[PDB]
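J.: Residue strings, one per chain:
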Amino acid sequence: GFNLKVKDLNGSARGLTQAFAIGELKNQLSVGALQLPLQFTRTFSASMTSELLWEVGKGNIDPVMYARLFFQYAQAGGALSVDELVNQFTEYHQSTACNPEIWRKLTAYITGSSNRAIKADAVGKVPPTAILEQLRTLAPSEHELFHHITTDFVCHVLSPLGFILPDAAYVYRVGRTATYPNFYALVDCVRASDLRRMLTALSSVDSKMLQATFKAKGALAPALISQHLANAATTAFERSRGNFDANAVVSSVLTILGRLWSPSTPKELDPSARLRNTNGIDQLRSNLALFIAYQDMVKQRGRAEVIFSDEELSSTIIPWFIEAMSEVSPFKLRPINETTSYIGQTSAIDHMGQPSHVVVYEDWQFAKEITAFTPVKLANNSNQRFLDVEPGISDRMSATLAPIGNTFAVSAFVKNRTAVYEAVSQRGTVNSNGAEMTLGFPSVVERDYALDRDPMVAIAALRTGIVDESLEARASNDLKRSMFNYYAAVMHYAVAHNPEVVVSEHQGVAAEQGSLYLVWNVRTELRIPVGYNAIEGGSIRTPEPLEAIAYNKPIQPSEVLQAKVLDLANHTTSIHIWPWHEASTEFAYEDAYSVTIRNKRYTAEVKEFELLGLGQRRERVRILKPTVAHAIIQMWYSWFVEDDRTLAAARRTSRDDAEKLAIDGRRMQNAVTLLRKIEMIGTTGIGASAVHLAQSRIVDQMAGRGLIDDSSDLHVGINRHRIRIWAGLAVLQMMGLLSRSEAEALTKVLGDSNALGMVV
Amino acid sequence: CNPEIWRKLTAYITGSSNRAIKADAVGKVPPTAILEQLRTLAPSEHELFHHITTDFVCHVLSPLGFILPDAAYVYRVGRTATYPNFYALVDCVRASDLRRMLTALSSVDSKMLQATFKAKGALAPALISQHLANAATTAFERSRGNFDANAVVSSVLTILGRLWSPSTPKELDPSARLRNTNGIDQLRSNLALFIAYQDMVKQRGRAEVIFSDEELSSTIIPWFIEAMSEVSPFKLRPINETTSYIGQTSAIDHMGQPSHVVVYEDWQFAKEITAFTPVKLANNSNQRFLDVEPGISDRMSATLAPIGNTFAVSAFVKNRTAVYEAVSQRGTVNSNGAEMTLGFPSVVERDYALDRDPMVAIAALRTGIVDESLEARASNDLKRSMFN
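Sequence lines, in order, name chains E and C.
When we follow this note's numbering, the leftmost residue of the first sequence carries the number 1, and every step to the right adds one.
When we follow this note's numbering, the leftmost residue of the second sequence carries the number 1001, and every step to the right adds one.
If we strip away everything but chain E, and leave its shape as in the complex, we get:
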């Protein structure tokens, strides 16, 4: 729901300038006339709208799945980086799998003794679960993943089918992932691929015959295999060497695509026609994701250096950079046309006419369900849980959910956003300071609501283009990353609609090298109110993807991009679980409605379960945070408050008496629309149940403390609408939809301009 003034970008939003992204913060902006062309066919983007449950087998040790999960773990909530996540695994795996001490202890626990060895046609089957039970005390690992990966390794090598009962069911949730590939995120793909080879090393053609060597002619003596497997797990490990640094893979490969993007390729080295012939590099130089990534890297690094095992090596080794990008990563490769299918664009207009107001949007579908579950622990000290989804609460909320999606729909949003911008006696204009641009991108917003950060601080950073140096490392790192996701999504919609482009170098700050940037070309009408450009010939070259987008015409979105509920129901009811806690929420709500009647104040307090009409209260149940839905509402919220803020500063700065009568106009007008919206939700299964409980409790308080006859005032015009607005906000809050802190700053907005018409 980010609004911006297109004329002055550096002022309006510094964060979305390409000028910012390549590292020029000076008054100077990219020079419109410079050199060399390009066309982007495809890109690397993650999936939207996907919540998937992945079982981890008996065995089977899927070397990609784990490498995929690791990413989801580092992503869906911060745990360091997926690079730092791997070298943690190596230390665990060395301290454990390579150490015969830990093997002696756990082989003794299974059967039959630590010292004595018996061929034992007697020994019966064993559960995989008890070994983890052993391992939690044996290898007090933070990330409970590791205990499975080692496990089903042993469960792979243990199957003559007697001793191993290959029965357990364990599942992990693959959720929404950040869409676009930050530089270190690429590094994170390569490091995720280091893992791919590692695990497909563990389960091997020789790991299957370790079983078959001891399958003949029957049972054999146990005490030994504690020392052999201990090194056998090292043999697959010592054989897989880190070799080439994943940081270095990406550092060098990017360096070269930038050398062949640039119009300046100096004397010494321009790419070999051999490496130019390498498969896929046709689709790589035409990949935009890689381009924004280059900008990212050279901005932070300030140089690009090469391993020089090329001209040969990276032509033969690696393409596997592609493999890292192709299989392991959530970033799987797409045609650039079909990546933006969820993005529309629409303008307001004047008579002639130029657009007064241009709105870029993502079509999103709300709902379907809101899941409510109660976790159950099977064994102590662990995150192992069955999640019983307890419905009828889930349903009850889902019912109240349906109308919200209706009244808050993005379709509904763009309507109420466009038809408002008109000013007195038309006609325009560049007056009022030109043509505003607003862009909702819930896909980006969802990341902040998932990582439990206030999205508004990121939005803040966009306008200013600076972050507070004070806040802790992990905090800014979450911010910067999210701040990238905006910029990225912009240049994808920006590029997808005008592929003909120019790459050009920069003077440089040091000057060391410089960053390569983009300029567009677009056909349009003659005379421009819009942000500075020549325009010279009805076509215009522009550096900033905003201006390039402003010159487009209305677009229909191809797909609805329906957000989906996770199925706890069919699976988890029988199965164990992932890192669920941070991604969900304790289910509790309290609120109170107060009012003054006849110079006396009454107050009712309400609890969450009273609102769903049940008793008494169940504290154990939790709700899965609906991170997406909040982001859509954010789009509305972010419009209401930020306009009100600037319009206040607009009315002060407006000297003209005719201009101010318009300003305070726009303020009251859309404020009632907001009121209309909330009041509507305030009438729902919950909302009236809320209003009823409230009023019910006030009167019983009015009977005791005095005469009841005063209750007539609760039914008065104003008090009747009052309780309704509150209930509306109160119902949104007791669902994942409204922060109490944002609703406070919402109500004040409803009160900063009087914003109550009695209106018969």
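Please keep in mind that the hints were generated in silico from the structure rather than gathered at the bench.
Check each hint, because a few of them may be wrong.
[What the hints assert, rightly or not] So, partial list: chain C residues that the calculated Cβ filter (under 7 Å) puts toward chain E: (1) 1020; (2) 1022; (3) 1151.
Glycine is no exception: its CB is placed at the ideal position from the N, C-alpha and C atoms.
Using the hints, position chain C against chain E.
T.: This is chain C only, laid out in the frame that chain E set:
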């Protein structure tokens, strides 16, 4: 559903955590011993749970070899609140959810567990740990939450509210098909279900339907009836025979109109008062033998007989009517009219049972207002009593 736990207790009976032996030597094992383990394995507050799982295992464990069927365990079924508050109804539906839950555990397939391993004889133990785990899960996964118990009662009473009412609005009045559904005749004629409606709509302020009707609740559910028929302590009675313990008697003036009217429950006192000393068999559990030691019980019971004589309800109503008269008759509306007093020990006994002052409930009746400060369980016990 947890196989680690099943392994642990199967190992605990005999003979080892790892090695599995058919073991025709192994003799029987006591159920009390399985519970001793369970107190450490699944530390629940309500010890009920440990028995219900227990005799599931003693049901699937009876080729009769391993289980020695020797124990004696007893529970006290005492006085219950008499009438079904709205939320008590929800509690009935929720209990029949448990009826189907358990009747799932003891099954035609839990019984073939006897018949599957009856062939051809004793078999290796390491197996049955994983078998039972899946056996109890199939019983669990088969009983699904299905219908929300609140939503059941909400909607079934709501439609009963629709055909009781003189206002049956334009939009929806019951289908004659569901109107014909068996038992709905005794449902619209059920008094408890009516005061329950009043209860519900007082708190809720509206009545909504699952809207699976017009069809569903004609076909599903009657099972509301099933929940109410079997499980519940509230079992269905003719309304003529429900008030059988209630008498009524009036004082009078000369003409005369009643001066004083007393409604009462005939109750008989005594006979005995038991005194016991609890003896613990095992620590950490509520398991006790209770040796009732008489000569105290007999001594008090001896003193109890005369209290019964002097306090019998009969003597109460006798001494109550004869007081109210005033000089030279005649009435009246003076003295503030004709008083009515009604004792209901059945109701008061609940408060003395729940360790509450009957007088605080009584006070709430006269005023009709409760203190909002006091804690949840406290008021909830009050309102529940205030309903009774």
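J.: Please go over all the hints and tell whether each is borne out by the structure.
T.: How the hints compare with the structure:
At its closest, the beta carbon of residue 1020 (chain C) sits 3 Å from a beta carbon of chain E; the interface hint therefore holds under the 7 Å criterion. Evaluation of the residue 1022 (chain C) hint against chain E yields a violated restraint, the C-beta minimum of about 10 Å exceeding 7 Å. For residue 1151 (chain C), the shortest C-beta to C-beta distance to chain E is roughly 6 Å, which falls under 7 Å, so the interface hint holds.
Going down the numbered hints, you'll see the structure goes against just number 2.
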